[PDB]
Amino acid sequence: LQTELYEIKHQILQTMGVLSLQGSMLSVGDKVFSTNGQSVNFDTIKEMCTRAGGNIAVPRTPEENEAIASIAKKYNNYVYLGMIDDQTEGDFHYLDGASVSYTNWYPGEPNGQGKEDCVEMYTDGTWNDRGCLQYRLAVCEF
Amino acid sequence: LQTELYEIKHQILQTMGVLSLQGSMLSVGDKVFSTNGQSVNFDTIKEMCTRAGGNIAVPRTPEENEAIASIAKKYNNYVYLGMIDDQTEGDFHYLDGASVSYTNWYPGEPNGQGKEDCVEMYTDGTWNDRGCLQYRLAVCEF
Amino acid sequence: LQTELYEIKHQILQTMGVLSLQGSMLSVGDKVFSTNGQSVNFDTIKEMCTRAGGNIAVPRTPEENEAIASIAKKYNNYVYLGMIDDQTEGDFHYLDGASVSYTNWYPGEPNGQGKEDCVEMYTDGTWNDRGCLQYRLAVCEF
Ligand SMILES: OC[C@H]1O[C@H](O)[C@@H](O)[C@@H](O)[C@@H]1O
Ligand SMILES: OC[C@H]1O[C@H](O)[C@@H](O)[C@@H](O)[C@@H]1O
Ligand SMILES: OC[C@H]1O[C@H](O)[C@@H](O)[C@@H](O)[C@@H]1O
Ligand SMILES: [Ca+2]
Ligand SMILES: [Ca+2]
Ligand SMILES: [Ca+2]
Ligand SMILES: [Ca+2]
Ligand SMILES: [Ca+2]
Ligand SMILES: [Ca+2]
Ligand SMILES: [Ca+2]
Ligand SMILES: [Ca+2]
Ligand SMILES: [Ca+2]
Ligand SMILES: [Cl-]
Ligand SMILES: [Cl-]
Ligand SMILES: [Cl-]
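Order-wise, the sequence lines are chains A, A' and A''. A prime marks a further copy of an entry chain. Heads up, the first sequence stops at 228 in PDB author numbering, and the numbers go up one at a time, no gaps. Heads up, the second sequence stops at 228 in PDB author numbering, and the numbers go up one at a time, no gaps. Heads up, the third sequence stops at 228 in PDB author numbering, and the numbers go up one at a time, no gaps.
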């Protein structure tokens with residue numbers, strides 16, 4: 087079976103290598119990020135990522151933030167991130183319900199104070215709280 | 087080894103997630119469908135799919151039919167399916183030799199009665215028996 | 087676990103099938119070749135392939151040569167290969183340090199005699215020793 091396992095691991099590396107060369111994914115630690123280049127609103131990005139078997143991307147580390155920012159830069163668009171401050175204002179949570187730890191707010195942000203429940207990322211990787219109805223680059227994590 | 091197996095399964099899911107996000111595959115049950123968007127005749131589609139390690143797509147379930155129809159719709163072209171009524175007329179078989187079960191004939195079809203040995207799918211997912219020399223969207227199953 | 091292993095192997099085959107259909111990879115024996123279609127110099131191709139988890143492509147067999155030549159033909163560009171004759175002139179080595187075995191020099195080549203330390207492949211698959219600063223099609227192996 088060890089023959090099978092080595093071969094399997096090698097083939098997985100080949101396919102991920104191919105996708106990484108084609109610019110179709112970025113691997114960061116345990117996470118893989120990807121975009122198909124389309125721009126839609128926050129709710130539609132969630133459905134899109136979920137349909138593909140993943141989730142709207144969120145950076146929980148400086149390294150993850152840089153990877154998503156590099157995607158925002160390459161595709162030159164603002165990006166919606168997987169966090170919201172719905173139920174309680176000023177209190178941003180990941181979509182799994184956990185309170186946000188790492189942040190990278192653009193100076194002055196977040197300033198919505200009720201009416202801005204989503205978070206967008208600028209091309210320099212910094213964050214702004216925003217309404218959820220804008221068209222933003224869809225980035226998913228797997 | 088359980089560490090290896092969990093990691094392997096996760097990486098497989100990441101790559102399939104990426105391909106699904108990019109619109110490069112559709113997963114239905116055990117089957118994966120894909121097209122590269124090219125149009126060729128029936129014999130050439132078979133060679134193309136076989137070269138890639140798969141087979142010309144055929145729907146054996148309503149669910150599979152819908153998936154292929156969604157590809158025909160997205161690419162806006164008629165699609166050749168993996169069935170033929172060669173040796174016996176009115177008797178359509180899969181390419182593995184088995185008699186066809188599920189069908190979705192457009193009203194009046196099949197009407198070839200000798201001279202139409204292939205099957206094409208319209209953009210609404212319904213079927214027509216047809217000659218095999220037309221240029222149709224190549225869709226493969228894996 | 088056998089259920090897991092069969093399923094894993096099948097899913098790997100599906101993803102590789104998809105990538106092969108999309109024209110995003112060529113499998114030869116143990117090797118997988120891929121290009122993203124970009125043209126850069128020798129040093130930049132190495133970095134690009136390494137970033138993706140692979141290496142600049144080199145043919146060690148007639149079969150591997152044909153696969154890379156088919157990529158050079160499809161993309162209609164000269165290709166840099168993973169071999170150099172740096173430290174000793176007339177003495178080409180793979181990037182792992184081993185002396186080159188299989189060759190396919192265009193008639194008259196190699197003729198650099200000091201000043202041509204890289205190797206390019208023409209669209210017909212034959213080789214020429216060349217300087218390393220030209221823009222060539224980036225082809226990686228995994
Ligand atoms: O000045 C920046 C400011 O501009 C707009 O009002 C909105 O996008 C706010 O979310 C943002 O904080
Ligand atoms: O009326 C539809 C009819 O049109 C043509 O004659 C052919 O494509 C037939 O296969 C099809 O049944
Ligand atoms: O005649 C072919 C000859 O042309 C140029 O001088 C260079 O590309 C050489 O590397 C090559 O050998
Ligand atoms: Ca609110
Ligand atoms: Ca708010
Ligand atoms: Ca704001
Ligand atoms: Ca006939
Ligand atoms: Ca017939
Ligand atoms: Ca007919
Ligand atoms: Ca030299
Ligand atoms: Ca030389
Ligand atoms: Ca030369
Ligand atoms: Cl809004
Ligand atoms: Cl015909
Ligand atoms: Cl040069």
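Heads up, a few of these hints could be off.
Identical copies look the same in the list; a pair holds intra-copy or inter-copy alike.
When the alpha-carbon atoms are kept at most 20 Å apart in a straight line, the in silico SDA-like pairs for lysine to any residue are as follows [said to hold, decoys possible]: (1) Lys-117 / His-179; (2) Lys-95 / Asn-141; (3) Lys-160 / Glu-133; (4) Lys-201 / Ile-170; (5) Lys-201 / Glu-90; (6) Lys-117 / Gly-139; (7) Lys-117 / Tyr-92; (8) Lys-132 / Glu-195; (9) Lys-95 / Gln-173; (10) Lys-159 / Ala-184; (11) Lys-160 / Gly-123; (12) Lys-160 / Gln-108; (13) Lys-117 / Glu-195; (14) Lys-160 / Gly-198; (15) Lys-159 / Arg-137; (16) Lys-201 / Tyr-188; (17) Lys-95 / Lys-132; (18) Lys-160 / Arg-137; (19) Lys-160 / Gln-124.
Quick caveat, the hints were computed from the structure, so don't treat them as lab data.
Going through the hints against the structure:
no. : hint              : verdict
1   : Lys-117 / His-179 : within (19 Å within a copy, 37 Å between copies)
2   : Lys-95 / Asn-141  : between (25 Å within a copy, 17 Å between copies)
3   : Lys-160 / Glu-133 : between (23 Å within a copy, 19 Å between copies)
4   : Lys-201 / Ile-170 : within (11 Å within a copy, 60 Å between copies)
5   : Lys-201 / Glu-90  : neither (55 Å within a copy, 46 Å between copies)
6   : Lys-117 / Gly-139 : both (13 Å within a copy, 16 Å between copies)
7   : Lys-117 / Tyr-92  : between (22 Å within a copy, 14 Å between copies)
8   : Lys-132 / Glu-195 : neither (23 Å within a copy, 41 Å between copies)
9   : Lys-95 / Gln-173  : neither (44 Å within a copy, 35 Å between copies)
10  : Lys-159 / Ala-184 : neither (28 Å within a copy, 40 Å between copies)
11  : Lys-160 / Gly-123 : both (10 Å within a copy, 17 Å between copies)
12  : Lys-160 / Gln-108 : both (14 Å within a copy, 16 Å between copies)
13  : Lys-117 / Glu-195 : neither (27 Å within a copy, 47 Å between copies)
14  : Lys-160 / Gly-198 : neither (28 Å within a copy, 40 Å between copies)
15  : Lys-159 / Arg-137 : between (25 Å within a copy, 19 Å between copies)
16  : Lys-201 / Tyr-188 : neither (22 Å within a copy, 52 Å between copies)
17  : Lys-95 / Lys-132  : neither (30 Å within a copy, 23 Å between copies)
18  : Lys-160 / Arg-137 : between (24 Å within a copy, 17 Å between copies)
19  : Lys-160 / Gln-124 : both (13 Å within a copy, 16 Å between copies)
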